[PDB]
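Chemist: Based on the sequences and whatever the hints tell you, model everything.
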Amino acid sequence: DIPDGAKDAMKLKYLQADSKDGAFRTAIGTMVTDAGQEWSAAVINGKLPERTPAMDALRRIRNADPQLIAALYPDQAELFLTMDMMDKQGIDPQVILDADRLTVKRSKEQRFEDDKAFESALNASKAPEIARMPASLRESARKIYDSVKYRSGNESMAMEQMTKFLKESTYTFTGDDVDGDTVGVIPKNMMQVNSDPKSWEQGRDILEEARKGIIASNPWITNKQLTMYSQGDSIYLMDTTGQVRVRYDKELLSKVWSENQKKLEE
Amino acid sequence: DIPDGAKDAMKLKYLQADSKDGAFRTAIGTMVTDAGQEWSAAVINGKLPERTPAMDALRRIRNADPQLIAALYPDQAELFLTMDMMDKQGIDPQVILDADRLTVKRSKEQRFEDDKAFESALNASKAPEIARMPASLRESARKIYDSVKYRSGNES
Amino acid sequence: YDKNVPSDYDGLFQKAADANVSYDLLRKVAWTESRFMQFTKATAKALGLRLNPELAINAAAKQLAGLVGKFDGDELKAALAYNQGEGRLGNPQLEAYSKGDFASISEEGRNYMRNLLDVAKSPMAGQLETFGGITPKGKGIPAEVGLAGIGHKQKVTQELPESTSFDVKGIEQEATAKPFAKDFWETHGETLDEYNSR
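So the sequence lines, in the order shown, correspond to chains A, F and L. Just so we're aligned, residue 436 is where the first sequence starts under the authors' numbering, counting upward by one. Just so we're aligned, residue 436 is where the second sequence starts under the authors' numbering, counting upward by one. With the authors' numbering applied, the third sequence corresponds to residues 4 to 23, 25 to 40, 54 to 66, 76 to 224, in that order.
Don't take every hint at face value.
In the DSS-like style, the derived pairs of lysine-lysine whose C-alpha atoms are separated by at most 25 angstroms in a straight line are [what the hints assert, rightly or not]:
| hint | chain 1 | residue 1 | chain 2 | residue 2 |
| --- | --- | --- | --- | --- |
| 1 | L | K18 | L | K96 |
| 2 | A | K448 | F | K482 |
| 3 | F | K540 | A | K523 |
| 4 | F | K523 | A | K659 |
| 5 | L | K204 | A | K685 |
| 6 | L | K208 | A | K482 |
| 7 | A | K602 | L | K204 |
| 8 | F | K540 | A | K551 |
Simulated from the structure, these hints should not be mistaken for laboratory data.
Modeler: Right, dumping it as structure tokens:
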């Protein structure tokens, strides 16, 4: 007679407190293998079946405890983090299923050549939304480039299309004199404060008032200069030593914007 | 009725004087595996959980006898020496957790290319604090460079 | 070891099968071979013409009808002809049964008759019921009233072990939120390019 959400908090205590072959990590191992076989079958055939129970179940158990599923089976964790980063951008799963099929039909030598070719055709663009992208956005962008270059033979249309997609949906931050005048890249989706997407603009101001507000309180930094980063649903304005980690999310930005609006009538 | 710090000096004598599968090196092996799984989970998700008992326990047993934990499990030793070198500089653990995630998303070919690129962009600076750094400081500095280049897209 | 009180599908069917011999016998002939007609011989199924209670009891009722009809007054002779056919083996016995020479019928026909005469009626009933008493005024004990309680219980139950699935439900995920371009579209009626041209 325990909450239905407090049962997970104990079955998972057992699953974590188990040997590598015990019958707990061997009855869940079937979920992992069915999901892995499903993902391989999706990469090969092309279509993601409308009925994927194993992968959905592993995703729910990942959301219930992420530091457990990332630790036990450290490739479903990466798959699900990629799918999270996509689904926060509208990108249908098909993109990965179109990208991986072009990467798995590749010898280990060509992968390095293609990766150098991408990273060089990306440090040659003029907008900093593209020439200087974090690693996470570079993965989520390599996926779009590969989907386009795999559907339509164009090695060149893929670049313009992923560039346009990143330009319409992301936004570079910048501060004082910094080599390359770019400090972080956050999507224009994780910065809204209302339901209409234009509101991202408003959510931008707070950050430019927050970052400065931190610099005006934490001046001892190497340079009077922080970074910026948005993993999952958050925005990390960390330091260079990692000692001033300051996290906002859409809820906190919306609250701060609402309270700020409670300062305009007066 | 022995000092609480003289018990370690004997349980560890057993752990050192044990075969590779004996039930002494197999009950501690669970601490090593839980800490290793924790470090992997930290690299992947991003955050270091506020509750990490296995890694803290291995750190205490490392401080109790370093030439034992470095000898038995020679990768937790390296992890803990890196964390020591950081914590003597204020650098929060997050830096490693931001650096490694950029290094593990890399083919074995790119690691050599990036390492040559770093060592060349470092032997090109004018202050000798940078152009000529020992190996230990070059590791603790590659970690900072990687954390910054992983958060903000700036290679520069 | 048996009674007429417990009723099941058997008593439910032989009520009409006896109408198409005797319900008391047909309930008993089946019980002895198949506990609650068990024509085990392959030739008996090809001659009698399986494991279906719609015709199995109907097959026994037809044979036992003729067997109890070939003499019309010897029902123990009928039960004997049932499990001992009239070809090459039962002929020497059935001609030796009517003469009262039970010492020369069979080791299986006697044991069969001695188990079913308690519900069957024959003129030689009281003459076989005392066939082998310890004294000529005695009654010979059939096989399954002298071997009554002798039996060991099977120490293996049809009860099966139970395993359960590691069914843990956490928290479902949010669906793929709309792309920022489509978001702007169905909220402000015009694409991103058409908004920056102003």
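Chemist: Evaluate each hint against the coordinates.
Modeler: Against the structure, the hints:
1. L:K18 <-> L:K96: 22 angstroms, holds
2. A:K448 <-> F:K482: Answer holds: A:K448 to F:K482 is near 20 angstroms, not above 25 angstroms.
3. F:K540 <-> A:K523: Answer holds: F:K540 to A:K523 is near 21 angstroms, not above 25 angstroms.
4. F:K523 <-> A:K659: 22 angstroms, holds
5. L:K204 <-> A:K685: The given pair, whose Cα atoms are some 16 angstroms apart, holds under the 25 angstroms limit.
6. L:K208 <-> A:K482: 24 angstroms, holds
7. A:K602 <-> L:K204: 16 angstroms, holds
8. F:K540 <-> A:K551: Status holds; Cα separation ~14 angstroms.
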